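Protein chains: 2
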Amino acid sequence: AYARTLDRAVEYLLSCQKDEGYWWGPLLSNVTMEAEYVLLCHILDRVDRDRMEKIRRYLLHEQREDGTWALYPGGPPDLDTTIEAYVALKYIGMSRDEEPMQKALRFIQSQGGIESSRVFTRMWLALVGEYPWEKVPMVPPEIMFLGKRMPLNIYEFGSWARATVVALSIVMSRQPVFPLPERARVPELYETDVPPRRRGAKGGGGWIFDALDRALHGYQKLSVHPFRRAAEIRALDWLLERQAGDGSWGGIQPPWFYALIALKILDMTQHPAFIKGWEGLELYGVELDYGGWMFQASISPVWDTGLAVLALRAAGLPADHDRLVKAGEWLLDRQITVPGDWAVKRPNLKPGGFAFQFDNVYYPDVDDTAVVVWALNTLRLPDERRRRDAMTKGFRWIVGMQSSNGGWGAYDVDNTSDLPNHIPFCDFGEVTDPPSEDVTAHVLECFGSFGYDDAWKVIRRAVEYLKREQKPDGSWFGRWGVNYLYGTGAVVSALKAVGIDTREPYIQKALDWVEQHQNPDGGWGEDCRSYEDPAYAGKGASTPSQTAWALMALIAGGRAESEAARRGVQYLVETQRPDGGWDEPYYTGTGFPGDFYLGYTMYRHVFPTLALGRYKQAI
Amino acid sequence: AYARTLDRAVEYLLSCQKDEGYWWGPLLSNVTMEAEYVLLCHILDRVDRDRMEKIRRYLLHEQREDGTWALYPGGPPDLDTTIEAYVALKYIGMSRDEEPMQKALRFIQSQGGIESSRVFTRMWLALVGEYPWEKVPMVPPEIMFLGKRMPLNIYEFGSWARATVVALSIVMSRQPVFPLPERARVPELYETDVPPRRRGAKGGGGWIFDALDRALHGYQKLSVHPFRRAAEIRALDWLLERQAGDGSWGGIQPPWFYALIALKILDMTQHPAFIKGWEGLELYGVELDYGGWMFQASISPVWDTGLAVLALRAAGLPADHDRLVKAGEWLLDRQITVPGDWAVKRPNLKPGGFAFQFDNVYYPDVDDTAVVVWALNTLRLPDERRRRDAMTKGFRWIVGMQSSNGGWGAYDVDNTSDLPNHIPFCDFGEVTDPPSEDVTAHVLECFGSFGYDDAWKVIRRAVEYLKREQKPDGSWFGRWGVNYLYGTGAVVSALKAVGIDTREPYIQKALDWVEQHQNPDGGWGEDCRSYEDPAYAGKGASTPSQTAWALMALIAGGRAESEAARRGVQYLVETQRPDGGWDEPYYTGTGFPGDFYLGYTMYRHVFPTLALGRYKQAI
Ligand SMILES: C=CCN(C)C/C=C/COc1cc2c(cc1F)c(-c1ccc(Br)cc1)nn2C
Ligand SMILES: C=CCN(C)C/C=C/COc1cc2c(cc1F)c(-c1ccc(Br)cc1)nn2C
Ligand SMILES: CCCCCCCCOCCOCCOCCOCCO
Ligand SMILES: CCCCCCCCOCCOCCOCCOCCO
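Line order of the protein sequences matches chains B and A. Each number in the authors' numbering comes from the position in the first sequence (counting from 1) with 9 added on. Each number in the authors' numbering comes from the position in the second sequence (counting from 1) with 9 added on.
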């Protein structure tokens, strides 16, 4: 019955695998990426007409009926995303007259205009001279003087926000302006009678920070800024020391773009760092079959490879499959062996974690590391020496990354500072990197394969963390994945592998929750709105991945041989495509709860296989 | 008569010109370059058998009868050069038994052995574990803390030594050891009864520095070095900020090699700076027709192009020659417009100088700048706008570079500190960059073309400098060129263009000197020994370049229509090759008086043409 489904899904994943022996599917987000890229070229005075066209097709394509752009497919119209997309188009050639511009422009006005956009949006528009810097949250370079154990030090922010703050400090220090041609001027973004509904800080704004910001802008007008010269250099060197091998910064788009801009402001366009940092963009770019072009906010080569292996293994393929070996070998060469920003909190910790993308040694995450190691622990490589040693290194690294609450963060340890969540600047997505449920689960899921049970303290502390974080309805929040079906499925799956009894009360209360949200079509679905409105928790169009997750939660809970269980399996078997793949016009990945959403392409193929793989094990 | 010589010499230079429209002839030095390169690969664990072979052929080829290696062709056997060459060979595969090794080894012993080699030689041998660091001049990273106006600050050294000191400070801070295979161990370098004749500091060694060094080695053994961590980072960032575009450091081999080593010691082999810095070496490498391979200590693309243009112009080719335009355009794109280490002494000075090699923005020299600008002032480019503006920028830069004594240095201003010339480490070549005669002359020669005469103060101050530096025999020392025939020819040529009366006493006393050294073959020659023994001042085998220089000194002095004048011309006309070129098995370039000698390939073709060009003008 489901056998044919697996055999087809298996041969498919194996066909998507590259020559090197790894998997790498595109990462979807929103048009703000391409929109900002267009402006970046303008700033760097490196515009390519041919490329612009590919970007124009893309922008319009992603535009919906109403003429707006959302963070995720089938989501509400996002102001910011639309504003940036609007400016980009008009700059490429579009005229405010054309219908696509009309519907979009009207929407921007019906929301208060530019005065209702995030800081970033207003910042870029400020970089082009379409918005005064005076009304933009100030971030002085002096922040580089804050010691290791002081309030608001660059090391109290999230690895992702950190690099951005350091890069921007230099940019905002000079407050450069790169005028746009009269033909691109977008003053209409102001014409509006609707009251400006500005967005406050993530965790709220205190009068202190509000005043401090006003003070900075004032000090920013003085004729002499003592030690600011060194302050900037401190930021410049900081970046130069942590530049990714591919030329990026952190492997993400934000700091990368701002870093280049910072270098441009310092007349370092002929410096190796800049050269490399620029030509490295092409790697993240993608050619769309319909003549479009997009820029991935990031790449998941390692991540895809990791999951893919686990999926195929749990499916049936031998532990020494010559094709899987290509991956095992590849992964081993990805392991990081040099201290990163994480060392600041764990100096006596030996490097051994992996990154998300190709080359990003200074920012290895716990999630990838856990998956990669666990993926290798299920393979038989010709050289049991490096495989045995690699796992050990990564294993110990993870253990040394466990926070105080027993949980595991993503990049840093105990990075739970609540100060940066009030700064006027920080008003989009997360700013800190505190321990999460999903990540922790994946960690326990890793140790489980080795045998380590609840007897080991480290495991217990983690379990306690999960128990205290479990939601009232017995569900678990999803940090890097939409959403509760993702978290719950991850936790239960982990707790089952760590030895914990699946008959436990809180456990059962979780499984029941899963069956209570099984859509009519037999599949499971959870829209991204679950982050904004709780009424969507477990609700939404069914998807191959989400269905697989909620499916694993049952298979692990022992309800693999149940009604709702066989029900979901039927969905995956039917919805499957002739080629053995799966479609998924909805995002299932999460970057920032209610701010940034991602769409992992492989998820629709990997997980569905992993789910069926474990289902074929219960029998 | 000489017409045919010119027409042939002209069509030749035009054939050597590359497509881009520039000239670039190889730069010769000694085997220490390749020798150290071999060790570099060992250190970086990146050895290429195929390449090693090409290096072996080269080494042996450059070895003379006695089995030694000299700094220049036909020069005395150099210990250092031989030692490093010996170690390199034995590492490639050579056995201490083979004749080439025997004769070389014996020479090394007959000089005291390794204990009689320069600091660098002993340093590399220390990097491979063949020499104890304890007996190597210490250079602590703490030197990076010395302010701008303090004793022995990195900015008191020569631009070339500076980068080296900063890079090595990190290397010597860790004193790393990279063991050589037992087959390459070179203990025989110690077996010697001859007393070790060590080389002292350039300007002598004071008991202070001698003691200070002993103190450092002691402090180097302690268990805790406070602030040394930051001291290193200060050096690391310093390098990262000034890395050449081609991936080098200063455009020279020394700092480049040590910089890479430093990065390797910091586990930054996967950092962009390193990657770029490594793959950039190939650009300086050269494939020898006889299967050999060499590494240019530096490249003279800009320098060659500059002189070549002036030569062809003074020859007869139109000021708008379509072929010369290719150069004019190319040169304009080479002009630097960003602050360099020179800004430390001249913050209010606008960038406009040029570099010696392709991409080296942070180290523009006065010599090249003067030549390039002066070369453009004799051309008619389609865009008189950038040509007029370029000259102005470079012109003003040079003026702002004039030292206190009215003379012009090479890279920095008033860099005449006499403190670094006593440090135990500095014992090879120059360490500072004080004003020179040749450079200054070239500067005046530049202004002269514009019209600025002795009336202008800046010119006068320069002339006074030259007058006070003129040697007793009415000759002028040659800093970057062997030697007195080079300096004298440069000065007289300049003083003639600045309006100064060529009938002047000190002037005539110079011309007479030239005629008094005209070899019987009608040509002029000056061996490099002129730096060690004064009895060689103006003596040595005649060469196309040197003959041309001493020839210009006469043509400028008004003695163009003299006996010795027409005599030299005859030499150039006869010694000329069928293809219109010229041979020169002797070096005429100078890096460090009595330490490092260079051989500019184009010199044998350019100058000879320039000389004949000006000779055809006197008539
Ligand atoms: C579970 C998988 C691995 N796990 C470890 C999550 C990491 C995913 C890497 O991809 C991204 C990470 C990002 C981002 C985007 C990614 F695609 C941003 C980000 C996005 C927009 C703005 Br504005 C600022 C930051 N921050 N961070 C950490
Ligand atoms: C008159 C021509 C231009 N003028 C401006 C001289 C510059 C020549 C560039 O070539 C070199 C410069 C060098 C060196 C080598 C070159 F080929 C070294 C050097 C060599 C050996 C060691 Br050991 C240390 C330094 N230092 N410096 C400045
Ligand atoms: C990053 C702070 C920007 C301040 C730059 C002003 C530079 C002042 O030049 C003084 C002399 O130092 C020369 C160095 O330039 C080398 C590269 O360093 C990068 C930014 O200039
Ligand atoms: C240049 C200092 C050498 C000290 C090396 C110890 C490495 C520990 O790093 C401390 C943690 O800071 C995180 C940064 O790593 C970035 C790259 O800088 C390169 C070498 O330090």
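These are calculated hints, taken from the structure and not from any lab test. There could be a bad hint or two in this list.
The list treats identical chains as interchangeable, and a pair is accepted whether it falls inside one copy or across any two copies.
Claimed, not checked - Derived EDC-like pairs (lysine to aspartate or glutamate); straight-line CA-CA distance at most 20 angstroms:
1. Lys476 with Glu393
2. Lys157 with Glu124
3. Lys285 with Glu139
4. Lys359 with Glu143
5. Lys27 with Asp75
6. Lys273 with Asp368
7. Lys466 with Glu191
8. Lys144 with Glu197
9. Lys518 with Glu473
10. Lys112 with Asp59
11. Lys285 with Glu524
12. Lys354 with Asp542
13. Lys354 with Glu250
14. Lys112 with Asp392
15. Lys402 with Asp276
16. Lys27 with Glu583
17. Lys359 with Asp276
18. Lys285 with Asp331
19. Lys273 with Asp342
20. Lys273 with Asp436
21. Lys285 with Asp604
22. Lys157 with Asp350
23. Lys466 with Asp423
Hint by hint, here is what the structure shows:
{"no.": "1", "hint": "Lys476 with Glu393", "verdict": "neither (37 angstroms within a copy, 78 angstroms between copies)"}
{"no.": "2", "hint": "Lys157 with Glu124", "verdict": "neither (36 angstroms within a copy, 47 angstroms between copies)"}
{"no.": "3", "hint": "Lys285 with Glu139", "verdict": "neither (30 angstroms within a copy, 38 angstroms between copies)"}
{"no.": "4", "hint": "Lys359 with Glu143", "verdict": "neither (45 angstroms within a copy, 31 angstroms between copies)"}
{"no.": "5", "hint": "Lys27 with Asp75", "verdict": "neither (40 angstroms within a copy, 59 angstroms between copies)"}
{"no.": "6", "hint": "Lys273 with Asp368", "verdict": "between (24 angstroms within a copy, 18 angstroms between copies)"}
{"no.": "7", "hint": "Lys466 with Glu191", "verdict": "neither (66 angstroms within a copy, 50 angstroms between copies)"}
{"no.": "8", "hint": "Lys144 with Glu197", "verdict": "within (18 angstroms within a copy, 74 angstroms between copies)"}
{"no.": "9", "hint": "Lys518 with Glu473", "verdict": "within (17 angstroms within a copy, 97 angstroms between copies)"}
{"no.": "10", "hint": "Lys112 with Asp59", "verdict": "neither (26 angstroms within a copy, 66 angstroms between copies)"}
{"no.": "11", "hint": "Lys285 with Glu524", "verdict": "neither (51 angstroms within a copy, 56 angstroms between copies)"}
{"no.": "12", "hint": "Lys354 with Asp542", "verdict": "neither (36 angstroms within a copy, 63 angstroms between copies)"}
{"no.": "13", "hint": "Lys354 with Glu250", "verdict": "within (18 angstroms within a copy, 27 angstroms between copies)"}
{"no.": "14", "hint": "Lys112 with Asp392", "verdict": "neither (61 angstroms within a copy, 48 angstroms between copies)"}
{"no.": "15", "hint": "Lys402 with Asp276", "verdict": "between (42 angstroms within a copy, 17 angstroms between copies)"}
{"no.": "16", "hint": "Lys27 with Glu583", "verdict": "neither (28 angstroms within a copy, 67 angstroms between copies)"}
{"no.": "17", "hint": "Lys359 with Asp276", "verdict": "between (38 angstroms within a copy, 14 angstroms between copies)"}
{"no.": "18", "hint": "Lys285 with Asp331", "verdict": "neither (36 angstroms within a copy, 35 angstroms between copies)"}
{"no.": "19", "hint": "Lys273 with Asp342", "verdict": "between (34 angstroms within a copy, 19 angstroms between copies)"}
{"no.": "20", "hint": "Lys273 with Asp436", "verdict": "neither (26 angstroms within a copy, 41 angstroms between copies)"}
{"no.": "21", "hint": "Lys285 with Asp604", "verdict": "neither (30 angstroms within a copy, 38 angstroms between copies)"}
{"no.": "22", "hint": "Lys157 with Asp350", "verdict": "within (12 angstroms within a copy, 31 angstroms between copies)"}
{"no.": "23", "hint": "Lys466 with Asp423", "verdict": "within (18 angstroms within a copy, 68 angstroms between copies)"}
Hint compliance for this structure: hints 1, 2, 3, 4, 5, 7, 10, 11, 12, 14, 16, 18, 20 and 21 are not met, and every other hint is.
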